[PDB]
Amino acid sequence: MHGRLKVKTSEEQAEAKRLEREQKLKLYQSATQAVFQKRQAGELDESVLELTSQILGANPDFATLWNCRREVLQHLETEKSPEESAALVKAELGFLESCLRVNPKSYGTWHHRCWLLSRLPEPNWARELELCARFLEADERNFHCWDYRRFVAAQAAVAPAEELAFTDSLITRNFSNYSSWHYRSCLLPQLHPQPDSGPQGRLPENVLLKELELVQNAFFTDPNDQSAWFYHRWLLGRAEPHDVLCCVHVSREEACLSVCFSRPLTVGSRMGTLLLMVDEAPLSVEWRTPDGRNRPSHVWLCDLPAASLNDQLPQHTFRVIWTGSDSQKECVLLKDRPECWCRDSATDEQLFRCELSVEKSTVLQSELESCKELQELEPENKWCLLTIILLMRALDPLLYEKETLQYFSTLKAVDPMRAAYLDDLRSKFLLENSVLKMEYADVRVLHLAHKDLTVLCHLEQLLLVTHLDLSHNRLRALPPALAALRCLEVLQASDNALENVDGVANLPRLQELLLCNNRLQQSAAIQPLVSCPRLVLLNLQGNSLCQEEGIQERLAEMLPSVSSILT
């Protein structure tokens, strides 16, 4: 299976068959047979141990033989003196470690060793912690011994700051190692962190500064090492609220309240539903997804009765409570307003960029100054170049937007196998910038023309957008997540590579759909627009579905309600 060089066993080794050591396989099979016969006869004695130790000593993954040793050993505990059983156990431990040397990643062998140790009144844990240290110096990437360490630590109690203790004493003349950063990524959050609400970092700023500087000395001392960089990416990024309804919106005309959550959720499932309080008095409503299917969704809505919007008071007030977390969205809809809402900015409500204190800005910005310097030593180091990008982002998306773009182009030339990931990641960040540009200017128009977008992201943050320019990019589909765009009236998506337009379905206010110069092949890809209640201007010019029939009449029957269909 692994690592077996194809050398001398091929039809060209001028040593034909001679495929023996079946002397070993006969021995093997007889021994096997003989164990199986003992066991059904109920002979649970040291004879089974001897014969299985022969077979497991050469193949420690014959799991059924571990079951057999367990049945014997269990049996013997109630027949052997305490000191006879203590020698059997010692002998078992050494026999296990020998079997681990045959295969250091044998699942049945390790579990056999957990079974035995968890049933000792008083184990020697130093024996066990030393075996881990041994199998890790022979292979530092053996994660089985890191799990076995967590087993020792939980069995012996070992409290969680003493275990981080351990990892510290490993940041120095130790090494790198996905397995120790992984462990701290579990230990810290257990040991310190208190996600209170407002400010949104991964680690108590207090520890997140220093755990940055930590992994700094690690990626500076060996840039060409990756665990440090991977762990550092996590450190930069966001804790997730969850206690986030992030938008609520009402339209008088649609008589509909729409909500967008931070993550796709099912309303009315295990731990949450939405309650509605309208004029500070309760309203029983049926929540749904735009498509009426009720799958997990960022965007949910409900119908409102005329009494929630009528002119019986000059105002209505609509408080939405999601009961999973107990986070709250009230919007207030005034006498003659067509709409009202309450939304989370990208800007203030830390939608995707961590807000920085002076102290934090100074360390990230100093590690800005550092990754460049390094870049001049190691210009093809792809990890440094991504982390420069990621470091601009935490830091100030807006201003280093030009640099960001040049860094992406360099990293793409340096790491061409991820070119598709990097375009998608650059698209995401440009759409984030645009949301800041839209919100900064307080409008509802999003302009993402000529940005070389290859994918759309964050669409649930666009619930109030009324005009979207996506023209001149490299999009291949308008995805179903576009269903969050509940106010969208005008979508300019001409001059892209679109071949699928399914997420335009169920858009309630979309009047104008410009799809000029795209890759809509067979009409038919137009079928979903049937569900667009307001569409009035469909421009399909420049697609090859236009050379179809007399096309301007199939589409009329497909889309009888669409007043102007340009092919």
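Rigid core (definition): largest C-alpha set, two forms, superposition within 1.5 Å. Numbering follows the first chain given and starts at 1. Compared with the form deposited in another entry:
Aligning the rigid core between these two forms and inspecting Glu330, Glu378, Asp168, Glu403, the C-alpha positions shift by 2 Å or more at one residue, which is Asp168.
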Second form
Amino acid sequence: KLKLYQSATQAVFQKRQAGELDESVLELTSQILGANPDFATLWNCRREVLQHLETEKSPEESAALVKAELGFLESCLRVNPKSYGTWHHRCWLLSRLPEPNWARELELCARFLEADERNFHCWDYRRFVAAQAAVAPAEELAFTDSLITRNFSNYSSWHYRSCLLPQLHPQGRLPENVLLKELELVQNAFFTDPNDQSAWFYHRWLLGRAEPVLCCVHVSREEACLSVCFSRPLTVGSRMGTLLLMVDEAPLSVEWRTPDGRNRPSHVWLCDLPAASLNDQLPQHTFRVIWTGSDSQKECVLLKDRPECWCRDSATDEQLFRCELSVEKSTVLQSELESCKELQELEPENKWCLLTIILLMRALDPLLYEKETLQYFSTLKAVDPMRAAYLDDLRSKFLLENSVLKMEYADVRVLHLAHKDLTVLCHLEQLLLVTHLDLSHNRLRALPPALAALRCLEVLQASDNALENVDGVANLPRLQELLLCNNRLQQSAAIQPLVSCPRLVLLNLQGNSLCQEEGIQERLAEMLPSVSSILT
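Could the form deposited in another entry be shown next, to go alongside the form deposited in one PDB entry?
FYI, this one's just the chain on its own, none of its partners or other molecules.
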């Protein structure tokens, strides 16, 4: 069966088209609005008629029908807690009202929050009421510590804490003091219940920090080029700010571009250098880059007979892959780790635990737990097969970092990464100074555009991979040898991008299907006339 509920509707339209901002409709609305609380149009007509007495009719009808609503709303929410329409009307109503009845709000909230600890509509409304009645952050920070102890799956709860704690205490994610505490509060959140993603996610976010920045300044004499690398991708010459160059303690206007000249947000930017900034009139030249908008400043000096000079921020000295745990912190984490291996014995198939065991090792001593970390990924890859791709790129990222750290420590520009089963490349913007890069024997399916940051790359050994795309090789100033034997370069069009490598002389491609095309050696010589030797 079915009831003609539409009739009441067509009625409200008629009883409106003229200007009946009365109550004869304000009631008929509750009729449809009861079943279809998502019929936004109605919440309007109602929101209309009734504001036609909130400045008109006697306060003994208005202030009265006022509460008459706060009752109706609860009645709607009861049957439909999830509904942007309802909750909005309430926000609207409780906004207009002259008297701040907020007191009863923080209770109506706790009411629905208890019924459904996972109703974002309610937490959003509470956030509203809290902001209105100016509830102290600490006050709310307690409401969460309680909702967390009783509940088993409270993500909305931890999420909120992530917003509250920052605004209570302004390296680490939170102040050493607040941090070490919050950790303990979470360490048992998942020990009590490890099948609660919540605790696990929040826990990950607690091991990181934020970034302030000019992270490198390189100057090649032969290229008469000055290269600059930023912490994150920004756009020089626009809001964010721009770059100023000071050569020999005097400004020098330069144009700034990205490797592909499209000048979109990027880690790398560069400018050409005039003869004066590189000639012999002085025993040396001083370059000083100043990024406004953060004012990060970098400065390097180019001696009379040196081919290049730079000023880079060591990933190590900047703790980008670690965090240099303070004697105290270190101990709490070292304790955090051990406790987790136990949790694994009890909960062997808990992917979250295994994973967190890895993140903990990355936080303590990435290089030390290298053998271990790799063993856990194996374990993890087995218990959680659906995230094999994820784990792989993650293992790849960490593997890269360890290598970068070794290179910085060894103080060289050769980055070895052969036989690491790498599936992706990361932090390429840290590689700017690298001259030789070996990425052969891995599972890379592509060299990425981000590879453009490698302004000193002379040789690129990427043989034996699953490379199907080599687009990121484009625009590499110093690239002279590009080895790509045995890969998956199918068509010769996949080599098109290489015509942007002005110094490319050796191009080994043997092993790719593309060599099977007829006249491939001739087609390529046409396409890359500058490349002296092209083995195919």
